[PDB]
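Before any questions on binding or motion, here is one chain by itself as structure tokens, the form solved without the partner chain.
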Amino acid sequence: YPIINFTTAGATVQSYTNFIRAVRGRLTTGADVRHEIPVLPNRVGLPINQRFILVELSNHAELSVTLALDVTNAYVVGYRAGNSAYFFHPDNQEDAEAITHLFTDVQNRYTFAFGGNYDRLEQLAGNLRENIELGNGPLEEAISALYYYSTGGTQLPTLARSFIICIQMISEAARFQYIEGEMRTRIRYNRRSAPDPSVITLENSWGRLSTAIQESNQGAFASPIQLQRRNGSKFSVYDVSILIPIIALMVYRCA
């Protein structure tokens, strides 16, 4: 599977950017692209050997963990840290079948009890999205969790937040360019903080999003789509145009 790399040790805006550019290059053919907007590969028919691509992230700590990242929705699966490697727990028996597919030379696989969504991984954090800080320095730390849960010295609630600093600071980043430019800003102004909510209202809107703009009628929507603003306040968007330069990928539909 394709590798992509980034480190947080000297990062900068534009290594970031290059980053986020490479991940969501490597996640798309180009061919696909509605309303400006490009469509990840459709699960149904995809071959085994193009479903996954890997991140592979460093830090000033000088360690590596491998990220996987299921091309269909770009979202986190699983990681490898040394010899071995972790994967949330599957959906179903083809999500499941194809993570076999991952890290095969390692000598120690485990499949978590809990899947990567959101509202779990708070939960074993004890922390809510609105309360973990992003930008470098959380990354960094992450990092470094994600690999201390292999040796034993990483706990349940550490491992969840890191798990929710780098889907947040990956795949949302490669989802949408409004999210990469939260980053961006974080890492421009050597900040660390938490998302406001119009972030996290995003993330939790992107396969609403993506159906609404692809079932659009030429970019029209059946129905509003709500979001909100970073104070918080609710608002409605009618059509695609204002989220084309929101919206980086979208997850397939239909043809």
Second form
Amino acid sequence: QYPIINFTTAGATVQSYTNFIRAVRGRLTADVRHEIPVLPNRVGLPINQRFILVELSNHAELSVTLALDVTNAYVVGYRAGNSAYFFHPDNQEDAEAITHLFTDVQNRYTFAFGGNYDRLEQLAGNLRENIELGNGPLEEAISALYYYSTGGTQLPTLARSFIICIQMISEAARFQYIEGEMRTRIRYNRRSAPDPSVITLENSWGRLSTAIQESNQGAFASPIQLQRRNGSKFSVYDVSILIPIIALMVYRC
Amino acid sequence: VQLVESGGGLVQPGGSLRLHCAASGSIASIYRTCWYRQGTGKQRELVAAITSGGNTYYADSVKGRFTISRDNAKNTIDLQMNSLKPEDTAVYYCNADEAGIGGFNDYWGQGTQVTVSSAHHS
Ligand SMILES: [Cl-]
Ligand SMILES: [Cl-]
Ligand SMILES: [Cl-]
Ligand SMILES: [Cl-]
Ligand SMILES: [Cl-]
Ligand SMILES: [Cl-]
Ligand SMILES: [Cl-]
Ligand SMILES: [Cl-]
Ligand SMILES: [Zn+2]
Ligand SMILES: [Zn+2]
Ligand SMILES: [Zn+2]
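Instead of the form solved without the partner chain shown above, give the structure for the form deposited with the partner chain bound, please.
All chains and molecules follow, beginning with the one already shown.
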């Protein structure tokens, strides 16, 4: 079995969430470009090292297990009880790879949609900008994912639940900044949608990975434009300013 | 795919009904088949569901009393309703929903009235 990291929303604290995200980042990844860890190169990565599993539980003591691809930290599918569900693969190699996940489940399904936000938002009937994140949302998403396996969850609710999980797990692993946003929500017992600073970072993760690894001794060939909390645009010209912001990058050749 | 419900009616509290839904096409590959209900002036709510794999879901309000069944050869979906209560009064709808597996088609029946009541006093 692939490595498993457990998290529960029941009695969750800033510390327990912090420990969780640190453990996830630890199973995902020392190999650093300009001070920032790089995820493993897909080329040369054996299939038995391709995925990690995140098992989420809630107050209702329901559990689901998400499968993340270590090459990009992103969710590819999940297991609930005797069933597993996978986003539609982009290519034949990826489709073959996911056959290695959850091999003992009785029922396997592939969705007719991929796991990218632009599509998930359409299916959810809401933009990320209007979907609350926090411990409450995560608790509800876990129940929704679980009940999708028994018929009790409609597609829009499922898609919304994926959007919640991906941001609170994958994007938090990718960015200390987003991890900090989730910690703040936990600390003050709040639920709220991500602001433009978060959305733009999420959207820019691939571009930042490329800019950082292609940089000239840390300096960007061309500036990357991000947004502040209030939506105003600013430019980043250097890797150094991003060190406290981005935790992991996709490997670039 | 067309869905046609039947078997609704009036029962006294404690009574039983069995709702029937006939699909005009194959439901074998349709992920979710469900019963929803809508009471007067309220929003439609999920009552029970069964997947193409045989897993089931029941709303808290009906657990123990209702049983959903599904026949993938005859293309029918049934709801056995026991120990009915006035609170169960509603229009019941059958739903066949691909739910993002294989496609996005979502079929609804026209609905059937269920009324749980003592005799009227006209
Ligand atoms: Cl935990
Ligand atoms: Cl450097
Ligand atoms: Cl699980
Ligand atoms: Cl290849
Ligand atoms: Cl396909
Ligand atoms: Cl904090
Ligand atoms: Cl009928
Ligand atoms: Cl009379
Ligand atoms: Zn293989
Ligand atoms: Zn019948
Ligand atoms: Zn009357």
